[PDB]
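Engineer: In case you want the letters, here they are:
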Amino acid sequence: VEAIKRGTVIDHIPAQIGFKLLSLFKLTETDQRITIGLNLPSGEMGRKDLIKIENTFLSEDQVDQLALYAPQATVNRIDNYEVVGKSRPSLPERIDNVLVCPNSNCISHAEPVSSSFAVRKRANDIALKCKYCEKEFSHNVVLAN
Amino acid sequence: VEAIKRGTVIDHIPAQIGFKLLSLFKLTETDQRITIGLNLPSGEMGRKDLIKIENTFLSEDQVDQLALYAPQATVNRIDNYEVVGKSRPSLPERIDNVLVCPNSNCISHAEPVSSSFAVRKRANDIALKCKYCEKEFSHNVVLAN
Amino acid sequence: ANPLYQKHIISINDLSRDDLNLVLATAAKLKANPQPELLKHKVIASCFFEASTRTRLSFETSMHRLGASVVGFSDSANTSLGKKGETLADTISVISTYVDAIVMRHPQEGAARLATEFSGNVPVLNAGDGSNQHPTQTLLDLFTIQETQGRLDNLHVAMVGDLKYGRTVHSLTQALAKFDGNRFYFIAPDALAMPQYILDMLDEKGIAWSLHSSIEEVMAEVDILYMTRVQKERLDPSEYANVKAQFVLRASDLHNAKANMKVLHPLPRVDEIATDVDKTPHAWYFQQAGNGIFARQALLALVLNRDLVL
Amino acid sequence: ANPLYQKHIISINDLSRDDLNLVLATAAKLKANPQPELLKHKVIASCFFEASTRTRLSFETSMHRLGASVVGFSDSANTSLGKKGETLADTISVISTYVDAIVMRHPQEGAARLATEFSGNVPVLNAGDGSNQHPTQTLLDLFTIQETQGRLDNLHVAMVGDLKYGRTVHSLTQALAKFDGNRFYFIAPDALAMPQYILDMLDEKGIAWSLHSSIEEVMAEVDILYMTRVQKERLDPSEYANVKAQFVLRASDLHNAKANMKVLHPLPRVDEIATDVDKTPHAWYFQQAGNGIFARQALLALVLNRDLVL
Amino acid sequence: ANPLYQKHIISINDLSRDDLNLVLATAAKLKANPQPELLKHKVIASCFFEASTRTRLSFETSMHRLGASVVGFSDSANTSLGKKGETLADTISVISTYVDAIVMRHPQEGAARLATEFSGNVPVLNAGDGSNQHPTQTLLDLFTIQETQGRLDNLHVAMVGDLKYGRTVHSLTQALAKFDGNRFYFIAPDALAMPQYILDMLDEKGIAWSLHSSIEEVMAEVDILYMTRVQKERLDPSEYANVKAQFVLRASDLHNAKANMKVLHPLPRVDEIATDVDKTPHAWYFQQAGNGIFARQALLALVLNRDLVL
Ligand SMILES: Nc1ncnc2c1ncn2[C@@H]1O[C@H](COP(=O)(O)OP(=O)(O)OP(=O)(O)O)[C@@H](O)[C@H]1O
Ligand SMILES: Nc1ncnc2c1ncn2[C@@H]1O[C@H](COP(=O)(O)OP(=O)(O)OP(=O)(O)O)[C@@H](O)[C@H]1O
Ligand SMILES: O=C(O)C[C@H](NC(=O)CP(=O)(O)O)C(=O)O
Ligand SMILES: O=C(O)C[C@H](NC(=O)CP(=O)(O)O)C(=O)O
Ligand SMILES: O=C(O)C[C@H](NC(=O)CP(=O)(O)O)C(=O)O
Ligand SMILES: [Zn+2]
Ligand SMILES: [Zn+2]
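For the protein sequence lines, the chains are R, C, D, Y and P, in the order given. Here the first sequence is numbered in this note's numbering, starting from 1 and rising by one per residue. Here the second sequence is numbered in this note's numbering, starting from 1001 and rising by one per residue. Here the third sequence is numbered in this note's numbering, starting from 2001 and rising by one per residue. Here the fourth sequence is numbered in this note's numbering, starting from 3001 and rising by one per residue. Here the fifth sequence is numbered in this note's numbering, starting from 4001 and rising by one per residue.
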């Protein structure tokens, strides 16, 4: 029903991640029409989550964060009912504000600065090195704080 | 797209409430296919949210728990693609598990018990009385887990 | 069995007028004709997790006057909850395999109610749970009001001091509201006012109540002046301006008191009642405390003994 | 007189299988037919120098169920040992002129044994001495194992957690080793292993035992899973890596448990037993605690009363 | 200007080999020919939020030897951060309106880096941030190694003790890895091993390192034996088994040492170096400390002067 004229479709989201993205990106805090599929069948990955939002596009920060939460997701941009742009989210070099350094003795916890991590793509997991304490972690340990 | 054979459709949810319902009652913690529409045009309501959950059913008690957030919603039970039951939430007697007692000195915060509040109409608000501490609060200030 | 046999006694809000009258009737009988062996072969736990003089000692004395034995503690510091990290739930789960009833006081609201969810068939009697309820205080209070006024109906009752945190006044107001035609005067600092759930309950029953900023306003009409201590151990630091008693009753304040009027106080008092009051005919806080024996004997008898006493 | 009449009860290592069976037989009899006046005219001291909920309250409840009176303390802070510098020896020397028996728990190993050297003809019952012995725990444990398993012979018994400092498991292992064909599984952090003097004793008797690093390894064969708390108050600071429970039993861990299997725990528990276990048919730690009454009644009866009960 | 003019000095990871050599060359020149007026008219803040003896005093002495003035504090308890709730951010924001550079030590990793974000054009020098970095220790360490060994490449270097929390060895290993052909021996308890990020760095640069369970194992081949203190103030309670020095260097252990070998230690020592080592030709930890003067003068001179001619 009612394919959208202009906006965004985030596809190929892993199961149990779609709901998380809705929260983290505060996507439902809008009056724009949204449709969401959770645990949809997928030939490409068995099961998937799917988010469609009219007249709305991910901010630069949100795209950067998406590469961490769902690497294999597909961001489709739509204009005049047509897919205009399509890509897996570009991994950034740094990510600020959203992550929490798992080093409990990091100065970043007690003080008014934005968190900041050097992002480097690796073989199996992805590494996050804290700007402040200089410690590096697997994104598995940084996420699910 | 693709109507369901059996499950539950929670229709006529007020705008900005659909997401709250999903968060609160942990509705997305399942492998069953879910479809969600937010800010859909209604006509009766102008704008509405819509939750569709496959192979999943709500008891009358479960339906009543929705009364706090979406008193005017319709809960459609679906079987063999047909609506076999329509119900509207009615204010429940109690709200267990999901809320947290605002009283910092309540025993419920320290011990292995589930939260519980008696529900009543007060003026045009809803007052919750904690089973344990017996203090009473407007439902606005009683936070969720 | 009598209607209170094996019942938990947690909140006045759970009891009816008939329940209250039953305790009082039983208290009268046992006072006239003691039954020193009524609870022989009972062992009762007295578990106080915060301070007490009157409530604990009167309860234990009552158990002994009825022939029961007593085990427990007056301090949690040397229980396994105190030193080994045990939950209250597990504490109750084990003690309830030993004794025939549990009397408990606890600094958190809801503790007695929680205990009932772990005590199986063993009755819990709430000797005070944080600033919530104090039902056995209310039973002795009602006995004392009845004794001195001749009735529990159509009375003018002033409550003074810390009404917000006073478990005593939460319980007593709910209790007197179950009788007819009573009228309440609330004399409290704004920060320590009677809680809305009490006021709503009064409004529901159509009971007259009003706020007053002085004792003198109401002295000429009150039958019962119920004074309270500021519950300093319950106060938030932001409420520390109210630590000191805002209303101090002295003997001179009693010039225009009704002849029948009694000054009550659940005790302990700090300075809210000057010592010069003690010798006046209106002072009845010590007589009141002594009535805890009769009320607490009655309650134990009703909860632990099947037949009505006569 | 019965073989335990007027005996000190200090260590399971001092008792025989016949002694253990005698207590259990007596416990059964008193449970079936209470004797509320058996110890009338006895006064017994309950002297706890470290924390306790179950052991103290069950012992005192037992004394009362048999008609005895109780004096003592649950804290040493307000004795003359606590404030005036008195030795334990002198403390026992005076208390033993007052009472018919002394029940004591103490934070130093050997304290109960020392007390016997100063108590004259007055029996000392060890309610726990540091990380050494806990013989009355073992008596209720054996009663509970017998009740649920139908025997004390040929059992598969796993003991889990802090075995080094667990006075409970020192006593219980020595006790079960006096019966035939029992097999032990020890599941402990390396730093908190069962002490060599226990292991040597097992090897002497030709008893099979083995170490395991998980509960799951042994779940399918155990009749009794005996869980323990890390004795944090006994730990050297160098052992602080083991404060947290290394083995946590949850309801899901019990899928392949034998139908007869019971989970025991002398209590208190911290997190080593999740609360979801409580509702499963294998949970028996609270039933176990309630059996302390029958075991402790039996022991008091045997020590203080000349004739065998029937 | 010189490469270090107006630069923050936070982490060895931000400095090149050329940077390090520049400081060492400058230190050598100042040691040979002092410049008592080099920093005339400079006021420098010395801000120590945790304890220090060597680092603070040598820093302040260095400032005075170059003619600068010093303000600051050796603990934070009487700053407005200590008594009025002020953040570190704001503390740096105001102090940086006063002074020409800030030297700071702090118990949290990252504090120095954070300071650079609020200090504007005022250079921050990291005197130690939690267990992360200690770059001026590394500067004086390199200077000392170079003085005694004649080189900073092709060395055999052992680091012993608490390598996990030793900010000293994190900085030193990183610096020595910027030179060629160095070989590392790491001798530490498993719980306090050299962190993986240091090891990965060594791997990526194809630098040889190995683990050893004893000093004697490598004594015959080392040019530098760098001993460390267990950082007990950084330990988690789970790591308290490691408070005592695991490795204790005694004079007798040096029998097969290379003649040229020096024993270094950033100090203070507890027991990891016995006092009988002090008189041996290998002991060089006090001379090492003495060299803090020339390295820290060099650093200050380069940061606060565009160029130097000497
Ligand atoms: N006008 C539209 N309105 C709403 N959703 C759309 C619209 N156009 C495309 N989509 C959705 O965007 C996603 C990508 O569409 P596309 O046509 O690229 O499918 P595809 O070729 O299978 O893509 P992929 O190869 O990435 O799976 C699909 O899930 C589709 O439902
Ligand atoms: N098999 C099905 N699969 C998915 N959705 C369904 C199915 N059957 C009904 N629905 C949905 O259930 C809701 C109610 O269906 P119904 O046929 O009762 O419409 P209605 O009578 O207009 O509802 P109401 O009158 O209560 O607004 C609609 O939102 C519809 O989309
Ligand atoms: O403490 C008060 O002021 C009122 C009341 N007092 C009592 O019950 C008397 P006590 O604390 O001595 O047992 C209470 O709530 O505890
Ligand atoms: O404390 C334990 O974990 C086991 C054992 N526990 C008990 O005896 C129960 P309690 O300390 O409540 O009397 C003990 O040795 O004290
Ligand atoms: O403290 C240590 O053991 C090593 C090192 N020591 C020093 O810098 C010497 P000081 O604390 O006296 O300034 C440190 O990291 O602080
Ligand atoms: Zn960090
Ligand atoms: Zn509450």
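Check the hints yourself; a few may be wrong.
[Unchecked claim] Taking CB as the label site, the calculated pair distances span:
hint, chain 1, residue 1, chain 2, residue 2, range
1, D, 2232, P, 4079, 28 to 36 Å
2, Y, 3093, P, 4270, 43 to 51 Å
3, Y, 3259, D, 2232, 27 to 35 Å
4, D, 2200, R, 80, 56 to 64 Å
[As the list claims (entries may be wrong)] 25 Å max Cα-Cα, derived DSS-like pairs, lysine-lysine:
hint, chain 1, residue 1, chain 2, residue 2
5, C, 1121, D, 2178
6, R, 26, R, 5
7, R, 131, R, 121
8, D, 2232, D, 2244
9, D, 2042, Y, 3244
10, P, 4178, R, 131
11, D, 2007, C, 1129
12, D, 2258, C, 1129
13, P, 4042, R, 135
14, C, 1052, R, 26
15, D, 2040, Y, 3007
16, Y, 3205, Y, 3244
17, D, 2084, Y, 3244
18, Y, 3244, Y, 3232
19, C, 1131, D, 2040
20, D, 2084, Y, 3232
21, D, 2244, D, 2258
22, C, 1129, C, 1005
23, R, 135, P, 4007
24, Y, 3244, P, 4244
25, D, 2178, C, 1131
26, P, 4244, R, 129
27, R, 20, C, 1052
28, Y, 3279, C, 1131
29, R, 131, P, 4205
30, Y, 3007, Y, 3031
31, D, 2279, D, 2244
32, D, 2040, Y, 3042
[Stated by the list, open to error] Covered stretches of chain D, as calculated for chain C (at least 3 residues, CB under 8 Å):
hint, segment
33, 2072 to 2078
34, 2087 to 2100
35, 2123 to 2135
36, 2194 to 2206
Because the hints were derived from the structure by calculation, they are not lab data. Where is the CB? At the ideal position from N, CA and C, for every residue including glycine.
Engineer: Evaluate each hint against the coordinates.
Structural biologist: Hints, verified against the model:
{"no.": "1", "hint": "D:2232 to P:4079: 28 to 36 Å", "verdict": "34 Å, holds"}
{"no.": "2", "hint": "Y:3093 to P:4270: 43 to 51 Å", "verdict": "46 Å, holds"}
{"no.": "3", "hint": "Y:3259 to D:2232: 27 to 35 Å", "verdict": "57 Å, violated"}
{"no.": "4", "hint": "D:2200 to R:80: 56 to 64 Å", "verdict": "59 Å, holds"}
{"no.": "5", "hint": "C:1121 to D:2178", "verdict": "22 Å, holds"}
{"no.": "6", "hint": "R:26 to R:5", "verdict": "22 Å, holds"}
{"no.": "7", "hint": "R:131 to R:121", "verdict": "17 Å, holds"}
{"no.": "8", "hint": "D:2232 to D:2244", "verdict": "9 Å, holds"}
{"no.": "9", "hint": "D:2042 to Y:3244", "verdict": "40 Å, violated"}
{"no.": "10", "hint": "P:4178 to R:131", "verdict": "22 Å, holds"}
{"no.": "11", "hint": "D:2007 to C:1129", "verdict": "22 Å, holds"}
{"no.": "12", "hint": "D:2258 to C:1129", "verdict": "39 Å, violated"}
{"no.": "13", "hint": "P:4042 to R:135", "verdict": "35 Å, violated"}
{"no.": "14", "hint": "C:1052 to R:26", "verdict": "21 Å, holds"}
{"no.": "15", "hint": "D:2040 to Y:3007", "verdict": "31 Å, violated"}
{"no.": "16", "hint": "Y:3205 to Y:3244", "verdict": "34 Å, violated"}
{"no.": "17", "hint": "D:2084 to Y:3244", "verdict": "13 Å, holds"}
{"no.": "18", "hint": "Y:3244 to Y:3232", "verdict": "9 Å, holds"}
{"no.": "19", "hint": "C:1131 to D:2040", "verdict": "35 Å, violated"}
{"no.": "20", "hint": "D:2084 to Y:3232", "verdict": "8 Å, holds"}
{"no.": "21", "hint": "D:2244 to D:2258", "verdict": "28 Å, violated"}
{"no.": "22", "hint": "C:1129 to C:1005", "verdict": "40 Å, violated"}
{"no.": "23", "hint": "R:135 to P:4007", "verdict": "22 Å, holds"}
{"no.": "24", "hint": "Y:3244 to P:4244", "verdict": "23 Å, holds"}
{"no.": "25", "hint": "D:2178 to C:1131", "verdict": "21 Å, holds"}
{"no.": "26", "hint": "P:4244 to R:129", "verdict": "32 Å, violated"}
{"no.": "27", "hint": "R:20 to C:1052", "verdict": "18 Å, holds"}
{"no.": "28", "hint": "Y:3279 to C:1131", "verdict": "22 Å, holds"}
{"no.": "29", "hint": "R:131 to P:4205", "verdict": "22 Å, holds"}
{"no.": "30", "hint": "Y:3007 to Y:3031", "verdict": "23 Å, holds"}
{"no.": "31", "hint": "D:2279 to D:2244", "verdict": "24 Å, holds"}
{"no.": "32", "hint": "D:2040 to Y:3042", "verdict": "18 Å, holds"}
{"no.": "33", "hint": "2072 to 2078", "verdict": "violated (count 0)"}
{"no.": "34", "hint": "2087 to 2100", "verdict": "holds (count 3)"}
{"no.": "35", "hint": "2123 to 2135", "verdict": "holds (count 5)"}
{"no.": "36", "hint": "2194 to 2206", "verdict": "holds (count 4)"}
The structure is inconsistent with the numbered hints 3, 9, 12, 13, 15, 16, 19, 21, 22, 26, 33, although it conforms to all the rest.
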